[PDB]
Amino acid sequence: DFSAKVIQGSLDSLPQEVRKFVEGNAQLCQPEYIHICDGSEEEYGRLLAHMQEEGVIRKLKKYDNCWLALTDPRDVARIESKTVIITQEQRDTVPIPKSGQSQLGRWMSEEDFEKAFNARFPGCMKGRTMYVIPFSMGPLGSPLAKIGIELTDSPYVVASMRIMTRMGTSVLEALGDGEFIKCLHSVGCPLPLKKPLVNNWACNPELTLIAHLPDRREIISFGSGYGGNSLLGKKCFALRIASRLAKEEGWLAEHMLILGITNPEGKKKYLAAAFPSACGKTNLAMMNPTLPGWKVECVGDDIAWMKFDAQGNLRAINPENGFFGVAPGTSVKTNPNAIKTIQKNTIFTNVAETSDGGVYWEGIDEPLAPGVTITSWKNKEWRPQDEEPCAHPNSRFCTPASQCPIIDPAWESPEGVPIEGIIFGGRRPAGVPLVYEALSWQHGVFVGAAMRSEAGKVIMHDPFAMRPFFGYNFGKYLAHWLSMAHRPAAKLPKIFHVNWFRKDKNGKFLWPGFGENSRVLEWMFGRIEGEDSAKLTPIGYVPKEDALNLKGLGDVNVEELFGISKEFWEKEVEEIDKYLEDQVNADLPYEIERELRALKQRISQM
């Protein structure tokens, strides 16, 4: 009985199964205190002030309720090589590759994980508070929402979870005796500290491991206090665990932004887009369109949960409550709406700080007044012509979604928003046109499977933008997508592929992008409407001559931007073939192989 150790809430008021989870892990982790989060404003403020006096965070004086954390440089990102999924059979988690090692996930056996767990968790919270975070992924009342309980010894995690999820007492009362995802997190630094504390950031990189056990509905993460490793609702729950629940239950959990777009005639459509991590999801989801009479509104910028309704509509919710966006490159000109969002109630991690108490990073596009000096993310004085960047490339803001000035009015509608188009995209300097449309649902699924993007001197595969996020066998995921075509009365969205990043022969971008992407969205809008605005090519439908609105853009090189080379596409289709053969092997669905053969055939005839 850990009752004597509860500093907020009560174990007695917890639902039976939540109490067992808390007490079981309290017995194991040996926290000094247990704090059951209520999610109140007072709880939040006090928590932040406590971190401030322990040197864990700094208050940013230029803004209203904004805070800055600087991490141990060893703990700065998601670590994929220490991220694993446990199942009885490896094949259920990752396809068995024909030649090399899997790029599509990392399986660990139940036996290996048990030994790993025992080497980490016993006593790991000694001298610390165990915070119990009840949280909902999705609008509280939504039929698409799912509830988790995260246990953590990190106040940084608590504050960030309040922003990124719906957190507190109302979630407990909603849950009742329902099922929930069990989430266990520890920074892995029991007191007294065995190893030196760096930058007042507790972490254990040597023993970092983030595990998912879908059959047990558990996420177990040790050693990192950073972002995707510690905010368990984010990637662990919302993509990895969720993609498996979705497989089982007949819906989709995707690495997709969701936006709502209205034309000058009052017609509104919702679109979802999947681009690889750090490519421009927030930019597209929050764009200010340049075309008059058009408006874009943000539903979400990272994760989409989608389920066909009884009427056959693909209904989507954003399961998150905030934005955890990459800070560097965010500017007034690139993303003015994000700037307006992050002005208050925001937590920044690993960014620079100005002497005025403001935030700074690479590509912020804000000249500073004479006198104003800069402190880097490493807590040292910084100059514009210095060797190092002032902010870590993977630095973050964590901001409430409700603060977005163009947040969609249905962004927390329990029923979700009807998706009418799905967009795939990557960074391709060559060969791939600005936009094309898939020939069918099956071709569209293939397009998602074939996604590649530059990372800059290597082009690598990132199918569906989900490569680090598949909760199960990618071949089975493909089968799951294809099965939607056989669901009665399903209204299948149009599938597009975009490339903002095509260059000419001397390295210059061919497309202005940003707000000008509204022009591409307009074309998709009309195609969804049935507009006769498309021309057939071997790779899919492209805009007809003059079909794109290019007014106000000057002389855009449409020949190069929309050019398709037989030579390029021969190589491309060859590359996709070898990749799918190797990485998907026996679990590659017939239809994907068929789409591949068809594409090869169309290319051979040009």
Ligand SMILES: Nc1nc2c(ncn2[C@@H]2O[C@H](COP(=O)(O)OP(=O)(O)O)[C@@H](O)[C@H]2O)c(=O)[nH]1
The other form holds:
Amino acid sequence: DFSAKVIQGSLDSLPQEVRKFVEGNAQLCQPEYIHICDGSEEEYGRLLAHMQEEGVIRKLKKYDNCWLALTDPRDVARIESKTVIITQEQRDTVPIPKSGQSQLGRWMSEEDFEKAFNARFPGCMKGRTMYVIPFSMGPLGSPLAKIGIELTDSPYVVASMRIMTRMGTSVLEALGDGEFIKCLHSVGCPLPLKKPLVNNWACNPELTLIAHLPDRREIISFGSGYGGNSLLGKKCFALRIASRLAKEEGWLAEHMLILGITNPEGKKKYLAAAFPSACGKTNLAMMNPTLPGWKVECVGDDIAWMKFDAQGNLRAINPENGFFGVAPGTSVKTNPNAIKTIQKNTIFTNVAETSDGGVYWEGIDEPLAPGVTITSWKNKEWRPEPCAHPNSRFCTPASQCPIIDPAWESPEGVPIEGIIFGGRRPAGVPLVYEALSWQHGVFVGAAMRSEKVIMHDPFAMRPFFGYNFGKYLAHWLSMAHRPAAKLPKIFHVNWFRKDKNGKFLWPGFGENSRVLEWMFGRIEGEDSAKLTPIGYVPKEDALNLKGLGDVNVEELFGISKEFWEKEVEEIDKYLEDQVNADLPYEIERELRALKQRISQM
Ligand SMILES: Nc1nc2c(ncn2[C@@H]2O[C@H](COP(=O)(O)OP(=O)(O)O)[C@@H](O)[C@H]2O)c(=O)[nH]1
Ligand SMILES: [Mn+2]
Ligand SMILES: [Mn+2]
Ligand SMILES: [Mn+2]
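Given the form deposited without the ligand above, produce the structure of the same protein in the form solved in complex with the ligand.
Then the entire complex follows, led off by the chain already shown.
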């Protein structure tokens, strides 16, 4: 009975399966104390203050309740090399690649994982508090939401989980005897410390291992205190575990923003968009449009859970409660309404701080006053190496977004009418095109490539598939064999085409409102499209380009046979090597069709 060690809550208060999970791991990890989180502002403020006194975070004097954490530099980002999925058979997790090295995931046997686990977790929380974090991915009471319990020895994880998920006692009461995902996390630094603690940031990079066990409904993560390694809702649950749950249960879990868009006659539409990291999801989800009369409202900027309802609409919820955005590059110009979002109640990690107690990063586009001096993310004075680590983050509540859609917490989700794919392509790929069918659109997602190297990132999910990517494609195709399904139109965009001198052909940012209106009108059925080998593109003058000056539209939409011949050959060899026997017939057929259309142009 670990009851004697409970310093907040009680083990008798917990659903019985939750108690077994806490007590079983308390016996293994041997924490000094067990703190069952209630989600209250009191608990949150007191924990931040404790971390402040211990030197784990600093208060940002300038802002209302904002905080800065600087990590050990060895613990600065997700490590795909150390991120694994455990299943009986490797092929259920990744297609067996012809070449022998899969780019589509990382499998570990159950035997190898048991060994790794036993080498890590016994005694790992000695001298530390085990925090029990009950949380909901999605609005409380939503039929699309799912519940997890995270055990962690990191107060930084507790505070960040309060922002990024719905957390606390209300979640426990709603859970009852229902099912939940078991999330176990340890920074891997029992006390007394065996190694020196760097930057007062507990970390264990040599034993870092982020493991997913879909068949046991468990995520087990060790040795990292950072971001997606430790906030186990952020990706481990939201994409890897959930995409397997989604396959079994008939829905989709995707690396997509969700935004609502309204035309000047009051008609709203919701779009989802899958871009890879650093290709502009957050910017587009919080866009300030440049075109009069248009309104963009943010539902989510990173994760979408989507399920066809009984009437055939694709209903999407944002299962997150906040935004864990990349800070560098965020500015007045590029994302003014992210700037509004983060100036209160926000945790920053690995960005710089100004003399006046503010935040600073590359691309912030903010002249400071003469005299204002800057301290780097490595806690050293800095003069124009970057000031902020490139993967530095803000962690902010979504409720604060000045354009948060009124339905962003609606338990039924919002109806998705268009899905957008895209990434960074400096050559060959036009600004926008539309897929010819659902099957072709799935192929477009599967073929996605993104930027001195161009790499495949199908569906923007390369690091996050919870199971075999060929079966994932089959799952997407199966949505069409579902009577009533109102299959959304699929588009592919490229903000990043360059001319021969390396300059961006498209100014982008809020000017992407001009591409979104075109998509709006195609969903409406407007005849604004010209058929091409890769799909539909906007007709002559269909795109509203007034105010933009003389955009060089010839090259921005130029489709070159020689380029697309190379593209389709590259895609064929990629899918053959990496997907092989698990490539669905329909995707191979779309590939043959594209190759044939290209050969005839
Ligand atoms: N050229 C151009 N750059 C963009 C655009 N949108 C975003 N970016 C840049 O892409 C980088 C990453 O953007 P972010 O929204 O954090 O992408 P995310 O990490 O995929 O959500 C930022 O430095 C932006 O300045 C655009 O429309 N055009
Ligand atoms: Mn620190
Ligand atoms: Mn983002
Ligand atoms: Mn089919």
